[PDB]
Amino acid sequence: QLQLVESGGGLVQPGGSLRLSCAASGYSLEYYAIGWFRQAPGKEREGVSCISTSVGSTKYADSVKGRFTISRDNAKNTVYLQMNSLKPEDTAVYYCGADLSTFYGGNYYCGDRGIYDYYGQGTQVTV
Amino acid sequence: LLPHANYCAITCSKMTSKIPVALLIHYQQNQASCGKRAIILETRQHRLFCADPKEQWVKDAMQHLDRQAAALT
Amino acid sequence: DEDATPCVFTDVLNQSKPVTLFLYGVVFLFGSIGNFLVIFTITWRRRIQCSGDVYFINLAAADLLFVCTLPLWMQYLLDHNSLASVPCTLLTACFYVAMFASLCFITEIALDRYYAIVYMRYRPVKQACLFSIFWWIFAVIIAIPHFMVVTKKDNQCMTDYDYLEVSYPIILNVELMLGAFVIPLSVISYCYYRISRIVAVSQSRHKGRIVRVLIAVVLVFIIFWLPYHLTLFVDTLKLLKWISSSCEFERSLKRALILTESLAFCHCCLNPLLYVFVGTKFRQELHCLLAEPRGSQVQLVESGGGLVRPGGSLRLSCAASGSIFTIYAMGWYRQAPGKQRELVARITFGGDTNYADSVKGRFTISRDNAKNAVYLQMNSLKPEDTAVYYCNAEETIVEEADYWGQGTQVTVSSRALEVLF
Ligand SMILES: CC(C)CCC[C@@H](C)[C@H]1CC[C@H]2[C@@H]3CC=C4C[C@@H](O)CC[C@]4(C)[C@H]3CC[C@]12C
Ligand SMILES: CC(C)CCC[C@@H](C)[C@H]1CC[C@H]2[C@@H]3CC=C4C[C@@H](O)CC[C@]4(C)[C@H]3CC[C@]12C
Ligand SMILES: CCCCCCCC/C=C/CCCCCCCC(=O)OC[C@H](O)CO
Ligand SMILES: CCCCCCCC/C=C/CCCCCCCC(=O)OC[C@H](O)CO
Ligand SMILES: CCCCCCCC/C=C\CCCCCCCC(=O)OC[C@H](O)CO
Ligand SMILES: [Zn+2]
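Protein chains in written order, with PDB author numbering: chain D, 1 to 127; chain B, 1 to 73; chain A, 17 to 308, 997 to 1125.
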């Protein structure tokens, strides 16, 4: 089947810059809308970014709009979320999921409250 | 084969009133024909005519011709 | 002494015989091939889906029985001795049984498509087979007085006129003219006129071609049968003594009967092109077997999708937004991301349902004809059923299935949710 694997983490104080690398294992993810969501220890889930099959669609959160940067790449079937200017609020276990909501036609436009199905084990970003 | 479009060679439109018994030389039953039974009477003038078979004067003319048509008998 | 002398046809027959033999071979060549491909297309690796398919095969079977007699008749023309008195009648039997059956099913095509469009009366496959039996029985019992009288007299197989009354060939032509032409042409004309007058104002995206297809059926029927029946009319007028007829006129009328007869035999070669091979579905199917800025018209609005845990149930709903009257079947298709489109549930308006092997026993498809709605109850859902479900609709006569929905997402798994804000 399709299973996701994220391999971006580390321990950096506020101001650092990490790269969240999410690779697809089993299916080339040219066809799914993949997005990032985090969950700090003791808090509820929350999404931070989202990218789709269509070239123009993109989504970011209110508290991270501009600080992060997501981008798709067919090389090794891996999307990337470049975390720049980290804050203590970003201290959370990030997960890489595939959004299966709001498919208007042909492509999965990224959607609010999108159900995720194939997500990895998670990465720890300590800030 | 649809009707009336079959391959018949002889068709009679009207029958003769009467043929004198001394003018006919031969009668041939229709080898092939479309309409009802029709007898072809050949006169001494070598001209063909249609004749109805169910007639009193045609029946005896078929007995006179057939008897005299038998070659050397 | 002079009166009407026998009118000879020896030269007319000698000039017409090669044309008849040629056309017989042409009709036998294309008629057998064209009608085999019809049966092959609707049976080979595929079940009969609609009532139209039943009548198409039965129409091709009647044409087959007709064209398979032509090589027997060709041996008859080349030498009259070849046919005895007992095969002729039997061989003549196959001509009228197949001829009347061909006209019976042609009439049934219009009727079946008449009651479906205007009266919304749909026939399941099971019922179409039953009517085909009735028509075959009706075609035999109505042909009895047409071939049982043909015997071999004076080495020519001919209608035995001596054992019948003089009124018989007149009645036989009148019955054949109105029974085989007037009545069939009146039914298929009235039916296709009523149908064309409804489709032309509907919102179907093939209303144009539907009318053109139905007009061709009527036009081809006329341009192939009318010359024969119009020659019988002037021939019946001749027998009826209403008009005069010289010898020359009977010779022209004889040749016309022979020529127009061979013309009417070509109509059974065109039946595959008039009903079956005019629809795109049969065109695409034959290929896969022969081995080589605004919205438009009616759009299918879908609703009823969503997310549910494994073992739940969902109800997909699909309906036509516009007013279209030529849809005879609808179904559901799905496409998982990165996989091909597969059929999961198809139902016709007649009632015959068709499910996939993996799905049968879990999903239940239902429809509503008055609303042109189709519902799919998806019970006992599995994680493997996660795909985008598309709705499809098929159209009659034109045999098009280019009515698709936008596609709804159905995900069955132990998913995770993350509200983005
Ligand atoms: C669209 C249809 C009519 C196609 C036209 C076919 C033509 C060839 C048909 C239509 C009417 C037919 C004619 C009807 C009447 C007769 C009179 C007869 O003494 C000779 C044959 C003849 C003359 C037929 C010949 C064939 C004919 C002229
Ligand atoms: C599709 C087209 C080619 C069909 C045309 C029909 C043609 C082939 C047939 C139909 C009726 C036939 C005509 C009817 C009767 C006669 C009178 C005869 O003394 C000469 C031949 C002639 C004139 C025939 C010639 C060919 C004919 C006109
Ligand atoms: C002179 C003695 C008789 C002469 C006989 C000449 C040969 C007859 C052959 C006919 C071809 C038959 C073609 C096949 C017809 C069956 C088509 C079919 O598959 O059946 C339809 C189906 O059953 C519907 O539901
Ligand atoms: C061997 C002899 C060769 C002779 C070859 C003759 C072939 C032409 C067919 C004529 C009758 C069938 C006509 C079919 C009528 C359909 C018209 C139709 O559907 O219109 C097309 C549509 O508008 C756009 O696709
Ligand atoms: C001069 C002699 C001329 C002879 C001319 C013969 C014309 C034959 C026409 C019709 C008879 C067929 C009658 C068939 C009746 C079937 C009724 C039936 O099956 O009912 C279906 C029901 O209506 C579901 O809609
Ligand atoms: Zn004498």
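Note that these hints are calculated values from the structure, not bench results. It is possible that part of the hints are untrue.
Some chain A residues close to chain B (C-beta under 10 Å, calculated; not the full set) [as the list claims (entries may be wrong)]:
| hint | residue |
| --- | --- |
| 1 | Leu93 |
| 2 | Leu246 |
| 3 | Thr247 |
| 4 | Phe1125 |
Each computed DSS-like pair below joins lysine-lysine, with the alpha-carbon atoms no more than 30 Å apart [said to hold, decoys possible]:
| hint | chain 1 | residue 1 | chain 2 | residue 2 |
| --- | --- | --- | --- | --- |
| 5 | A | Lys1064 | B | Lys36 |
| 6 | B | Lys54 | A | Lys168 |
| 7 | A | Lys33 | A | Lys257 |
| 8 | A | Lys33 | B | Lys54 |
| 9 | A | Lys254 | A | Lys33 |
| 10 | A | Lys254 | B | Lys14 |
Note that the Cβ used here is the ideal one computed from N, Cα and C, for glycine as well.
Consistency of the hints with the structure:
1. At a threshold of 10 Å, the smallest CB-CB gap from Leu93/A to chain B is about 7 Å, leaving the interface hint in force.
2. The beta carbon of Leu246/A is not positioned within 10 Å of any beta carbon in chain B (closest approach about 13 Å), and the interface hint is therefore violated.
3. For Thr247/A, the shortest C-beta to C-beta distance to chain B is roughly 8 Å, which falls under 10 Å, so the interface hint holds.
4. Interface hint at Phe1125/A: violated, since its Cβ lies 83 Å from the closest Cβ of chain B, which is beyond the 10 Å cut-off.
5. The hinted pair formed by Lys1064/A and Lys36/B fails the criterion: a straight-line CA distance of about 69 Å is larger than 30 Å.
6. At most 30 Å may separate the alpha-carbon atoms for a hinted pair to count; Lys54/B and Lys168/A meet this at roughly 22 Å.
7. The straight-line distance between the Cα atoms of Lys33/A and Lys257/A is roughly 29 Å, inside the 30 Å bound, and the hint therefore holds.
8. Straight-line distance between C-alpha atoms of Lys33/A and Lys54/B comes to about 34 Å, which puts the hinted pair past the 30 Å bound.
9. At roughly 24 Å between alpha-carbon atoms, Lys254/A and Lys33/A fall within 30 Å of each other, so this suggested pair holds.
10. For the given pair, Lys254/A sits about 13 Å from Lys14/B by alpha-carbon distance, which is consistent with the 30 Å threshold.
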